[PDB]
Every structure is written in C-alpha cells, then in structure tokens.
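First, one chain by itself: the form solved without the named molecule, in structure tokens.
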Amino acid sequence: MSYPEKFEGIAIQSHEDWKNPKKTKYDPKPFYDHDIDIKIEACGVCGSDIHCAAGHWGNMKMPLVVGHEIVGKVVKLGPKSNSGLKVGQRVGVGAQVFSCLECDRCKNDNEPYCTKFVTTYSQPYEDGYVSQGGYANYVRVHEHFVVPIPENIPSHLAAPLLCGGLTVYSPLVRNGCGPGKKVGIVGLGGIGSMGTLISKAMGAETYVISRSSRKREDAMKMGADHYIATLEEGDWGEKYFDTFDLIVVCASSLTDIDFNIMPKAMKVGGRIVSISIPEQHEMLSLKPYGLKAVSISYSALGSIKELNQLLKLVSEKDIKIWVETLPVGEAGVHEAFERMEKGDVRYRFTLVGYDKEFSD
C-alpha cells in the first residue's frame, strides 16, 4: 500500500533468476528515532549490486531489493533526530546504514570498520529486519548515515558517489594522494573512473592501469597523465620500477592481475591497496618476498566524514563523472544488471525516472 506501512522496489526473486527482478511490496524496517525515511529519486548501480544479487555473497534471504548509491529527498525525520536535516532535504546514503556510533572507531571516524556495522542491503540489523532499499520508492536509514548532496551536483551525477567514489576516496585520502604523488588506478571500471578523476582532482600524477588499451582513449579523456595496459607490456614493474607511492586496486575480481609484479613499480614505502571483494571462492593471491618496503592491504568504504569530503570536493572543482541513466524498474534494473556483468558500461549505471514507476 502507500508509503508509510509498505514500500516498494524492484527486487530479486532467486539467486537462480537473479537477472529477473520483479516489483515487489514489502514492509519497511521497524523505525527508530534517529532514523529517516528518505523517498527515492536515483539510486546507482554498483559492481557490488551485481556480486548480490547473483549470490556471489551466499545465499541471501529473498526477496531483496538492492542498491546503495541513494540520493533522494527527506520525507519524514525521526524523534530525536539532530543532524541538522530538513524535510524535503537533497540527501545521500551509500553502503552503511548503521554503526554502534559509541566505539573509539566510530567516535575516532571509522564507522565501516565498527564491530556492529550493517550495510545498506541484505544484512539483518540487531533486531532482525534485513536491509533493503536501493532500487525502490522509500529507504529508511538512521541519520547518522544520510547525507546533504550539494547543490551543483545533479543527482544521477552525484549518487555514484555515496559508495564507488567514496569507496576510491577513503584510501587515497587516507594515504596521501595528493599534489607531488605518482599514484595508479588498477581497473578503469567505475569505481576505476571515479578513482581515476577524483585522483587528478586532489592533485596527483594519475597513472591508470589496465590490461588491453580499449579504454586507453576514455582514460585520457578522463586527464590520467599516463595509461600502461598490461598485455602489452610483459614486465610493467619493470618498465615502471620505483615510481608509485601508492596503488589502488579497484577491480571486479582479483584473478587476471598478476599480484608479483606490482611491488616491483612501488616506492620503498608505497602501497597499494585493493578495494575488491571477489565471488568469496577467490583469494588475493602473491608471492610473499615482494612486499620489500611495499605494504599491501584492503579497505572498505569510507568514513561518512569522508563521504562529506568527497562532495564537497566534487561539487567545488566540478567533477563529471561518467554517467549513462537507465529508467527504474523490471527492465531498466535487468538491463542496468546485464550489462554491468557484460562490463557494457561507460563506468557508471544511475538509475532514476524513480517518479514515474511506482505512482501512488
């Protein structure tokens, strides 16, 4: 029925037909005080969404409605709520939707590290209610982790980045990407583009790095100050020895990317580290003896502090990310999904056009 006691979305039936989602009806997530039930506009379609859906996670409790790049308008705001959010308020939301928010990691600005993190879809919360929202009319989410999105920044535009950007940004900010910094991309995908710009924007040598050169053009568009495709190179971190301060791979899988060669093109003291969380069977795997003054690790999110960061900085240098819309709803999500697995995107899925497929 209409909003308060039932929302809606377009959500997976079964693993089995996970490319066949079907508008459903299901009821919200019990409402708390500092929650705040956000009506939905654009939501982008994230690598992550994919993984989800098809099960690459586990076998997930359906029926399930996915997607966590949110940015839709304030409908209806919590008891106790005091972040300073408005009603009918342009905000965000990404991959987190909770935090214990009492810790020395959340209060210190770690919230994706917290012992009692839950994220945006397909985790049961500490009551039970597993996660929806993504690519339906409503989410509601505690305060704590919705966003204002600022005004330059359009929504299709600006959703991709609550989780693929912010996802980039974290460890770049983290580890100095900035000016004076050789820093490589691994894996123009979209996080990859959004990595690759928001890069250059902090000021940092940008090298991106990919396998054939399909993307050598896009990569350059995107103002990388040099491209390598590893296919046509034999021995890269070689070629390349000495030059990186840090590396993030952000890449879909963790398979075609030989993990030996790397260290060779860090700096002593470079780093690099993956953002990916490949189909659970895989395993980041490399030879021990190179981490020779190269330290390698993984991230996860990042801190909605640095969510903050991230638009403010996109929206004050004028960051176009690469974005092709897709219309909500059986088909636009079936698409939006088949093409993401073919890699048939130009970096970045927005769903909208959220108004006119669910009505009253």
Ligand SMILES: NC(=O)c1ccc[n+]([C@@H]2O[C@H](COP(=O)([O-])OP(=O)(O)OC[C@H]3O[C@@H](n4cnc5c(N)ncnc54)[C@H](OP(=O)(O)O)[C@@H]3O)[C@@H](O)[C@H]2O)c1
Second form
Number of protein chains: 2
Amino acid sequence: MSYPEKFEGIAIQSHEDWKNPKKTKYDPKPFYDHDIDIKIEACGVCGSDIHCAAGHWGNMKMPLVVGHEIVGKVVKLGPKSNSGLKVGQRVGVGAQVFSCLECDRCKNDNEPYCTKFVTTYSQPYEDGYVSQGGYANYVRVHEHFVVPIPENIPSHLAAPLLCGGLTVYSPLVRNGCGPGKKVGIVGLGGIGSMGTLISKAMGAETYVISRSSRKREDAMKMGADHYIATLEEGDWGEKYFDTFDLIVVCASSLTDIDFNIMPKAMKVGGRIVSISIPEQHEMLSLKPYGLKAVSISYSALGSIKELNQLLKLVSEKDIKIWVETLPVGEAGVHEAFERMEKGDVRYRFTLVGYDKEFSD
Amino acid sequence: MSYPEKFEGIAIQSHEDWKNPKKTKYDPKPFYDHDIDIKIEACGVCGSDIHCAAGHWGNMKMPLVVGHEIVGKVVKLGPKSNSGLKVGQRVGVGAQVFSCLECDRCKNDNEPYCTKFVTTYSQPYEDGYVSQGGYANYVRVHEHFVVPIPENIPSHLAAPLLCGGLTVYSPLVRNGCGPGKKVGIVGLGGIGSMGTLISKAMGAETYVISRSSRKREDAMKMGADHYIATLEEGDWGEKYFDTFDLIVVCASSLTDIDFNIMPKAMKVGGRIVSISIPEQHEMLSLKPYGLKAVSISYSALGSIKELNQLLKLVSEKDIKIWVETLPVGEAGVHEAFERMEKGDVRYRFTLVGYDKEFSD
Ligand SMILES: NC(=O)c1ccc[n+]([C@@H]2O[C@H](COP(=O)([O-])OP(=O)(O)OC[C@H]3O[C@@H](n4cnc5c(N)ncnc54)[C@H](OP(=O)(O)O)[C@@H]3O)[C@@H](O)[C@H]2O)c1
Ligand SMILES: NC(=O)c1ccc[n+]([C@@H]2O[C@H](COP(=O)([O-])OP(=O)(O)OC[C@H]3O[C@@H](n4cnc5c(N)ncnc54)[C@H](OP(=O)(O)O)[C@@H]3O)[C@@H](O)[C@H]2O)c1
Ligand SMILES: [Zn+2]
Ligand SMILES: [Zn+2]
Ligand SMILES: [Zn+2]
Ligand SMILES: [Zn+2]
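Structure of the form deposited with the named molecule bound (previous: the form solved without the named molecule):
Now the complete complex, all chains and molecules, led by this one.
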C-alpha cells in the first residue's frame, strides 16, 4: 500500500531466476525508538548483492530486496531517536544495520565484529524479521548506522562509499596507509577502483595489481603510481620483492589468486589483508612457509566512525569515483545483475531514478 | 689436531644413528677479516638440533656438529675485526652466523630475513663450507653475530637465550607485549618456558596455553597469570573469546594444534604468531573464514639488536630460566638427544663441562 504500512522495491523472487527481480510490496521491520525511516533515492549495486541474489551464500528466504549502499532522505525519526538527524535530512546507510552497542567492541568502534551484528539484508533480526531494503522506496534503519552525507558529494557518487569504499578504507587506515607507504590493490573491480583513489588520497604510493593488462589505462587515470599485470610476469613477487607494507585483496573470487608468491613482495612486517567472501565452498589456500614475517587476515566493513572519516576525506580533497547510473526498477536491476557478472562495469553501478519509479 | 688448524666436537655420523654422536675432528671454516674464533664452554640443546640431527629437515651432510645457543671465550679476532670485542672476552653466538649487512633489511635490523642469511650449522656458506659448531671446543663466527654477555648472567643460564629466548622475544617486542596486553604462550616447551618469563618480565598478563594439565605447577611458578588446558575445554576459543592481543605458538609440531578455534579468543586486531618449523611435510592448515580481523604469520630468530635488549632485560630484572645441565661429550648429547624426544626436560638442556672434555 503506502509508506506508513507496506514497503515497495524490486525483489528477487527466487535464486533460480535471480536475474529477474520483480516490483514487490512487503511488510517493513517493526519500528523501534531508535529506528528511522529513510526514503531511498540512490542505492549502489555491490558485488555482494550479486552473490546473495545468486545463492553463493546459501539459500536466502524470498522475496528479498537487495542493496546496501543506500543514500536517501530522512522521513521519520523514532521516539527515543537522537543523534542530530533532522527529518528530511540527507543520510546514508551501509552494510551494517544493527549491533548491540554495549560490548567492548561496539564501544570501541568495531561494530562490524559485534556478536549481535546484523547486515542490511537477508539476515533476520533478533526479533525474526529478515532485513530488506536497498532496491526499494524507503528503508527502516537503527539511527546509529544512518550517517550524514556532505553536500558537495553527489548522491549517485556517495552511495558506493557506504560499503565498497568503507570496506577498503578501514584496512587502509588501520594498517598505516599514508605518506611513505607502498600500498598494493589487488583486483581493480568496484572496491578496487575506490581502494586506489582512497589510497592515493591518503598519499601512499599506490600500486594497482591485476592479472591482464586491460585496466592499465583506467588504473592509471585513477592515480596509480604503478601498475602490474600478473599474466605478464610469471612471478611478480620475485620482481617486486620486498616492496609493500600493505596489500588489500579485493577479489570477488579467490581462485585466480596465487597466495604463495605474494608474500615475497612484502616488506618484513608487511600485511596482506583480504576483503573477499566468495562462494561458500572456496578457501584461502596458501603454503604456510611463506608467511615469514608477513601476516594474512580478513576484514569486514568498517566502523561507522570510519565510514565518516572516509566521507570527510572524499568531500575534502574531492574524490571522483567511477560510477555509471541506472534506472531503478525490474529493468535497471537486471542490467546491473547482468553486467556485474560480466565485469562489464566502469567499476560502480549506482541505481537512481527512485522518484519516478515507485510512487506512493 | 689443535685449535689453530683442526677443530673437535661431537658430530652426528648419519641421520640413522643420529642418537649416537661421536667425538670428531674437522676442518674449520676459512678465516676472514671479520671472523672470530670462540672457545665454547656452554651450548644450549635446542629443539632444532633434534630435528636436523634426525633428518626432519631433509638429508644433511655428515659429519655434522650441531648446537647454536653458544657461549664462550674470545680467542682470536680478525684483521679487519672491530666492534669492541676484547680477546678472552665472554661472548655468545646464536642461530644466525652470517648475513650480507648491506641490504635495507640488514641495515634495518632484520638480519634473519636477509637474502644471504646463513644459519649456524648444516648450511654451506657462499664459499661452500657447511657451517658447524655448537657441540665442539670452539666456533668460528663473523663478529657481527657474536654478542657480549652480562656478567651477572651464568653461562649455562645464558646460552638458551641466544636462540630460544630471542625467538620468543622478537615477536613479543615487535607486537607490543607490555603493560595492559594479554599475551598467550602456546606450548610450554623450552622456548615456551622462556616466552612466559620474558612475557611476564615485560609486564604483560601472561596466559600459558597447553593441552594437558601436567605443566600447571611449573607454568604457575614461572609467573603465568593464568593457565589453560586444551584437553579440559572442548573449545577454549569460545570461553576465552575476545581476550588476547598476542599469541605466540611455540610448538615442535603443528598437528595437535587446532587453528580454527584460536582466532575466537583474539581481540579484533589480535595476532597469532607461530615460531615453529616441523617435519618438512606439515603445514599450517586453518579455515580461512576465521581470520576475521585476526592475522597469522610466522617469525624467524631475531635481530642481533634485539638479542641484546633481551640479554639486557634478563640481566636487569634477573630472569631465572629453567635449565638442566649435562656433560658435553658422546654421552651427555645422547641423553639430551633422548630426553628431548620425550619432552623429558625441565625445559632447557645446557651442555657444559666443555673444559675437561676435549683438551688441545
Ligand atoms: N568484508 C566485507 O565487508 C565486504 C563488503 C562488501 C563486499 N565484500 C566482497 O567483495 C567482493 C565484491 O567486490 P566488488 O563489488 O568491488 O567486486 P566486483 O566489482 O564484483 O569485481 C570483482 C573483481 O575481483 C576480481 N576477480 C573476479 N573474479 C576473480 C577470480 N576468479 N579470481 C581472482 N580475481 C577475480 C576482478 O579484478 P581484475 O580482473 O582487475 O584482476 C574483478 O574486478 C565479493 O567477494 C564480496 O563478497 C566484502
Ligand atoms: N623460527 C625460528 O627462529 C626458530 C628457532 C628455533 C627453533 N624453532 C622451532 O621451535 C621448535 C622447538 O622449540 P623448543 O626447543 O622450545 O621445543 P621443545 O622443547 O622441543 O618442545 C616442543 C614443545 O611443543 C609442544 N609440542 C610437541 N609436540 C607437539 C605436537 N604434536 N602438537 C602440538 N604441540 C606439540 C609441547 O608443548 P605442550 O606439551 O606443553 O603443549 C612441547 O613442550 C621446533 O619446531 C623448531 O624448528 C624456530
Ligand atoms: Zn557490500
Ligand atoms: Zn556489540
Ligand atoms: Zn634454535
Ligand atoms: Zn642483507
């Protein structure tokens, strides 16, 4: 029906026909004192959307609206709400939609690693409602995770940062990525493109690292102080031996990723940090011997504290990420859900045209 | 014959009868301007001695004197020598006997990770001589790796530190192990006992972590602020969830070591650092998923810069490690080479009685 009660968006009808989302109307999550209702106007098509919609992450309950790089307008604060959010204000939610905010971790800015963590979609809340939102009219989120968007940042250009940008940002800041450091980005995909700008933005000699040579022109436009083509090396770890401090692996999969060479190109004390979560069958397989004064580990999202620093950073030195917009609705989604599985994107797909698409 | 030319020690005759070393006389490494000749008087029986003597590390060339926790008297500096070493002075060599000292790594205190690295024994130098020393009268080492021993530190009690102590020390200091930190030591063996004292010594709430409950009394004498028995837990990672910053795995093998539970007991940003090098068949096998904001990596020896800080530290707050001396010579070695493979040691075996054993 209408906003008060029923919500509407483009939802996956089943993993089988996942490439065919349909306009749907569903029941919103029950409202709570800190919750907030945001009318969406721009969501970013993230690689994670594709995996879930497909089913690489187990069978998800359908219907199921996807999308978690949300940017919209505030349209209803909650009783005990409070944080500075004016109604009708421009905000944005990312991949985390809940946390308990009391454990040492939450209180210490590590909400992604909280025991009570709940992602923006396909996960039921402690009350049983399976999160939704993203490719729909509005989203209902707990005010702690809804952030403010600087004005000098376009909506279609901000959304991608709520997840993809934050995800690369977090391990970069946390691992000392600034003047003097040699940072390598592995996989110039969506998050890979942002990781290179953000890396440069923080003033760190950035090295983009892909397989083919196809993306050399782009990676070079982005600011990459050097590029590397895996296929044209036979063993790059030996050539770039002892060079990097940090390396962030941003790859949809982890098969065409050799983890027994990489360690060589690391400084003693270097750090290989992966961001991926592939088909629930894969594994990070690498010979143990090679982690000689070189560590490996995985990282999830980032703290809403950081999601801000990022936005602040982009806003300041004006970071122009690479986004190609689409018409929200059964069509635009399909295309995105098509071209993403073809790597056929100028890195980030940002659905827009939310307005002339749903109507009350 | 005599010191000038021929050297003498107890050498493995073959991997087969490795439990039966024999008194032997062998050709020393050619002398060089920075080299030094040290008359040994106390070597520490390290777990690595056993693996090599046995053959877990491929077939080594025999004869082969083993032992690399050496403490002795200076008996002949080299032409271009220089560093402050007085002849007849008390010094000690560890596991590294060579490095190129010019690369960024050497110049930056990471000699263990140097490309030209050479260990104290079983490795030929760039000139072809296969390092020896340890369970013998004297050892010929490049002055950069021969360190000074504080007087208030007994010889039989210092030797163990040259390798075992340094090996635990390095990752502790490098990873911030001091006031406020929760450090866990996994495997109260030789290096495990030292890791607990050194850990406490640096004022860090130390947690010894073994399988059985056998070593609770000792680990508790050492100062361990808490002990944990793997076998009496079923899943300790869940009980000690989110507790440690650092964990140093000091285990001869890596089989009875489950690496899919550990990560749970780590703080976000914690670090699991292994020190082991088992049979050349084993591997560090652990589910990839669990390294969520938790890294794993391996570490080798330590920089001679640190091998000093350690000695300084022990000397200062007087660190009494657990050593049980033995009579150098075909016998004492045998015993050590026996009890070590039975974990039948009060942690460290230090051969002594070098004097009334070889003679000129
Ligand atoms: N931990 C977190 O918080 C978090 C948050 C969001 C997403 N993720 C994960 O991030 C990934 C999606 O990132 P994205 O949206 O930026 O990616 P994407 O745009 O979907 O592109 C994937 C990129 O990874 C590389 N790639 C694809 N197939 C590969 C294969 N078989 N082997 C090696 N590399 C391959 C490609 O790089 P080149 O061809 O240039 O080498 C490609 O550009 C997913 O795995 C998702 O689950 C994690
Ligand atoms: N990287 C380096 O620089 C370096 C230098 C020297 C030595 N090392 C390595 O350090 C080890 C020797 O250390 P060490 O001399 O102190 O040891 P050790 O005295 O020989 O005792 C080994 C200890 O490890 C644990 N252990 C034995 N078998 C095990 C198994 N199957 N599974 C799990 N844990 C097991 C035991 O602890 P609990 O029974 O109490 O649990 C035991 O006390 C070797 O692996 C050697 O190659 C590395
Ligand atoms: Zn995402
Ligand atoms: Zn929490
Ligand atoms: Zn050793
Ligand atoms: Zn060097």
